[PDB]
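The hints should help you fit chain A' onto chain A, whose structure is shown.
2 protein chains.
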Amino acid sequence: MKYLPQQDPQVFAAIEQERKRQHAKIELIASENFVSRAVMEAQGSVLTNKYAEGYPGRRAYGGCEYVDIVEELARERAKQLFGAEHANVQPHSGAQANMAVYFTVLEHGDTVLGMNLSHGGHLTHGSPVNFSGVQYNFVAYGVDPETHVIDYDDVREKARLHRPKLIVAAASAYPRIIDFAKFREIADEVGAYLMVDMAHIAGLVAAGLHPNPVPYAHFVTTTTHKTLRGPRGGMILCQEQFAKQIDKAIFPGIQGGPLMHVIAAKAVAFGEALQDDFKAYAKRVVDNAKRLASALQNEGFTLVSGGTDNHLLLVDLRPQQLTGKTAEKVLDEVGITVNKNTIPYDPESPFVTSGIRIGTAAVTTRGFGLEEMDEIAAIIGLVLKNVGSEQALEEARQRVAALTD
Amino acid sequence: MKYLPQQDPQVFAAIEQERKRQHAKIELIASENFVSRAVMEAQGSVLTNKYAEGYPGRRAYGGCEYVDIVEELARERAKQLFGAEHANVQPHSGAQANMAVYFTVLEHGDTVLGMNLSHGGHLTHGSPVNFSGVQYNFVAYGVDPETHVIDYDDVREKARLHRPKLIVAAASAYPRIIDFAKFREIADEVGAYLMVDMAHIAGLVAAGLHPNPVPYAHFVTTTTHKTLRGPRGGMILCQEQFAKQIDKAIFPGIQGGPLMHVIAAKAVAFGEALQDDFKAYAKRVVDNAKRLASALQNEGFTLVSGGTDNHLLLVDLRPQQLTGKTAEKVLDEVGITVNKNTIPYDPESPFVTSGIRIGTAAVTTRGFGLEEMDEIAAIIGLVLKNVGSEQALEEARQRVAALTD
Numbered sequence: 001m002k003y004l005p006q007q008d009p010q011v012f013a014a015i016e017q018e019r020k021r022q023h024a025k026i027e028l029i030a031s032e033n034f035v036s037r038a039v040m041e042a043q044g045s046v047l048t049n050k051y052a053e054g055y056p057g058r059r060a061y062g063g064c065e066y067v068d069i070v071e072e073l074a075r076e077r078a079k080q081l082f083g084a085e086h087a088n089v090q091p092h093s094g095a096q097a098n099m100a101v102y103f104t105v106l107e108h109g110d111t112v113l114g115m116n117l118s119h120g121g122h123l124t125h126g127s128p129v130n131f132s133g134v135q136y137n138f139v140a141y142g143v144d145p146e147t148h149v150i151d152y153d154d155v156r157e158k159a160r161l162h163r164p165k166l167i168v169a170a171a172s173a174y175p176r177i178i179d180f181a182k183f184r185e186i187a188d189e190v191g192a193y194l195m196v197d198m199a200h201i202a203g204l205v206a207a208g209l210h211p212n213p214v215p216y217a218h219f220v221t222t223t224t225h226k227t228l229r230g231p232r233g234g235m236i237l238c239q240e241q242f243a244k245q246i247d248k249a250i251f252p253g254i255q256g257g258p259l260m261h262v263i264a265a266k267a268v269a270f271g272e273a274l275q276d277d278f279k280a281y282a283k284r285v286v287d288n289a290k291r292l293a294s295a296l297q298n299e300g301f302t303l304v305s306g307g308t309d310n311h312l313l314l315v316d317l318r319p320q321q322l323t324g325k326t327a328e329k330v331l332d333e334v335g336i337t338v339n340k341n342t343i344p345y346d347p348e349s350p351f352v353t354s355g356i357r358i359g360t361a362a363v364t365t366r367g368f369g370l371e372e373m374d375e376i377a378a379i380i381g382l383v384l385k386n387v388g389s390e391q392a393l394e395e396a397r398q399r400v401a402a403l404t405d
Numbered sequence: 001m002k003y004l005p006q007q008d009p010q011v012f013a014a015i016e017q018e019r020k021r022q023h024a025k026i027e028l029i030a031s032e033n034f035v036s037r038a039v040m041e042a043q044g045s046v047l048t049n050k051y052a053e054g055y056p057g058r059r060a061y062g063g064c065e066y067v068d069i070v071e072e073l074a075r076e077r078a079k080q081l082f083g084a085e086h087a088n089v090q091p092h093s094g095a096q097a098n099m100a101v102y103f104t105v106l107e108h109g110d111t112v113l114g115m116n117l118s119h120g121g122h123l124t125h126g127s128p129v130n131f132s133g134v135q136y137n138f139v140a141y142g143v144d145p146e147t148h149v150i151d152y153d154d155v156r157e158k159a160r161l162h163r164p165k166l167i168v169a170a171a172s173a174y175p176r177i178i179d180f181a182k183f184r185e186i187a188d189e190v191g192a193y194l195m196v197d198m199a200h201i202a203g204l205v206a207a208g209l210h211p212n213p214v215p216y217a218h219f220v221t222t223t224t225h226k227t228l229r230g231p232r233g234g235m236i237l238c239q240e241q242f243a244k245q246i247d248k249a250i251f252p253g254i255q256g257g258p259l260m261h262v263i264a265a266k267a268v269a270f271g272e273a274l275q276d277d278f279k280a281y282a283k284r285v286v287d288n289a290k291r292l293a294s295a296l297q298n299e300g301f302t303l304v305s306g307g308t309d310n311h312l313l314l315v316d317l318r319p320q321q322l323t324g325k326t327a328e329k330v331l332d333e334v335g336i337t338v339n340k341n342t343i344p345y346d347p348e349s350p351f352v353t354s355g356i357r358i359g360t361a362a363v364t365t366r367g368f369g370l371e372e373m374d375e376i377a378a379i380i381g382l383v384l385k386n387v388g389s390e391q392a393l394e395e396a397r398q399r400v401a402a403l404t405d
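From first to last, the protein sequence lines are chains A and A'. A prime marks a further copy of an entry chain. Taking the authors' numbering, the leading residue of the first sequence gets 1, the next gets one more, and so forth. Taking the authors' numbering, the leading residue of the second sequence gets 1, the next gets one more, and so forth.
What the hints contain is simulated information worked out from the structure, not anything from laboratory work. Just to be clear, a hint being listed does not mean it is correct.
Repeated chains share a single entry, so a pair holds when one copy, or any two copies, can fit it.
Straight-line distance between alpha carbons at most 25 Å, and here's what the computed SDA-like set of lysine to any residue pairs gives [as the list claims (entries may be wrong)]:
1. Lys-244 <-> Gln-135
2. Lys-2 <-> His-23
3. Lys-248 <-> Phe-351
4. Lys-165 <-> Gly-133
Okay, chain A solo, but in the shape it has when bound:
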């Protein structure tokens, strides 16, 4: 940076703190990642100066010839990456991507079926304090109490009873592979649309390590950040038959001018995802998650679902008589970043929880491998089994510093 340090010392100091924090800490929040310098450069470009309401070739304003190329690059790369018939790369976030699909196919007060929020569902999948739960009548399906795997008979029974106009599949904290074929089968039975929110698993889908929802879903929503490792923003994929309605839902429906500099960064991230090395990265993410899960079990930890098929895992802390809140706090003291997370059928409130969520996408990006996963799990074991020992926590602190150099 050249001009920010001189223009704004205060803002620069805080950014520089954050930059060093990102390097110093072990980042295990399952939604986090680190973008390439190219993606950031695209976001720091002059494309922020351009109003481009509408779509390529069909803009509200003139002068869009070049931002049109950028958007088409993003859309075409997205389509190549996921095999979708249509992409909309304008959503400001995952929340707005979801909002636009709901705006497309639902009327106010319509019944929608989503994943239980305390079982892995997202805030935008029916929370009563979110627009989704306020605007629509959300009903929930759950996971099995023993396996913590989605109960597809419960998805089917809830769909046949409540008759939703839309079924939402996918999750913020579900460590196993989702069966989109079964979701579509249930959707076809009750005449519902199927929406898959692949935000968390999107990068694994692109690399062929998770089944692709695109062939089975009417709509697929995602973030461009998370496993996809792009800029912060949203995206909608759908078939050609909904393309017009989906585009209209984004603009003039729920948004105005798009962030062309972020869309530029989306294109960059998609270009990166199309390369062979991203496929190798993504396998290491899943391999690392598996290793970390296995190593945590070796430390004596119980995991939700008994392991993981993807990038994330959930530790059920009940056997150690710890809340997720306590675990989160003590790990923060040693330089390991997790978030407390509700486990299925949690006796605790979402503000306390009986679990922590852990993901490997971020540490894999910085080059952590299987040996690092063993060490992280060993440090977590040391911390959580000795919460009242400052010597144990100092040792953990030093072992975290050893991993981050």
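Frame of chain A, contents of chain A' only:
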């Protein structure tokens, strides 16, 4: 740029085209501006990697100590700039800022009073193809057919008849000062909330060249781009009594994680707006708009409202028997960027129009003064009075190139 040219030649080429386009053209779209290199650097920072759902000190995730400083800087600078009791700097756009206020005080189907969209009102102020017109019952007030100034007796009659829960003031294409005291007086009479969308005039408000809506409005929404000359995004200002409800409306209400890198850039832009030189810039914007208006009248053009009090003007093209669409297209041929715009009581559709909208914020940023305003108006006169002459258009083309160096 260092890494983007190597990583992504295609995206780099398009950005580099856009960068050169921005310099080569005369940008008169009233919503456009050019941000500082510091603002862009803040947007191109590592803060895109941080999830920060919630608010400073009250976050959903740990590790937010430094992004908290950034957000508080933005909020405090915003509060200092506009004298507001509370700021929310998380809205992804102007559309989302508006959406959150509607989500705060209105139920589905509630009556809302806004400015006629063909008289200057914004898409999010009740368009039937926008969430606002679909979710709420929007009624409109108009401007006087002779003066094109807001008819405050019509605002009052529409409010007393329809009994809106909310009154929206402010505009996308209104060249005169808005009387917020009269809006609040009408709001108080019918027991309605008052929301002011100051997106276009926000930079003029900060520099004391437009009356501040903050003391009169329950809620003030704005973009951080446009006259404020910041990054692309939204903001909400309100009194302390709505602070909690407004924050809840943004998250967990309508958004998820905020764009901390954009919020960093918001802080930078606010820091710039607090400086003396921005006040001098903003006066030149209004002075230039006045001069341009006057010079256009000297060329024989009729202006909506007979001139301007702010950054923008509207040319009523009817006396030249031209549509706004035709004018927009021919000016594009010579390197002058305008947008067609509906004029009050326009006989043409919004896709054709009888006017063009012109603003000076962008050309003033690049250092255009009063002499440049005279020349721009002379070139516009040359173009629009000789639409069928390729020699006139080539001369215009060369005179545009002379202005942009």
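Results of checking the hints against the structure:
no., hint, result
1, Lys-244 <-> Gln-135, "both (23 Å within a copy, 21 Å between copies)"
2, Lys-2 <-> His-23, "both (21 Å within a copy, 22 Å between copies)"
3, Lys-248 <-> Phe-351, "between (38 Å within a copy, 16 Å between copies)"
4, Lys-165 <-> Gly-133, "both (15 Å within a copy, 23 Å between copies)"
Violated hints for the displayed structure: none, as all numbered hints are satisfied.
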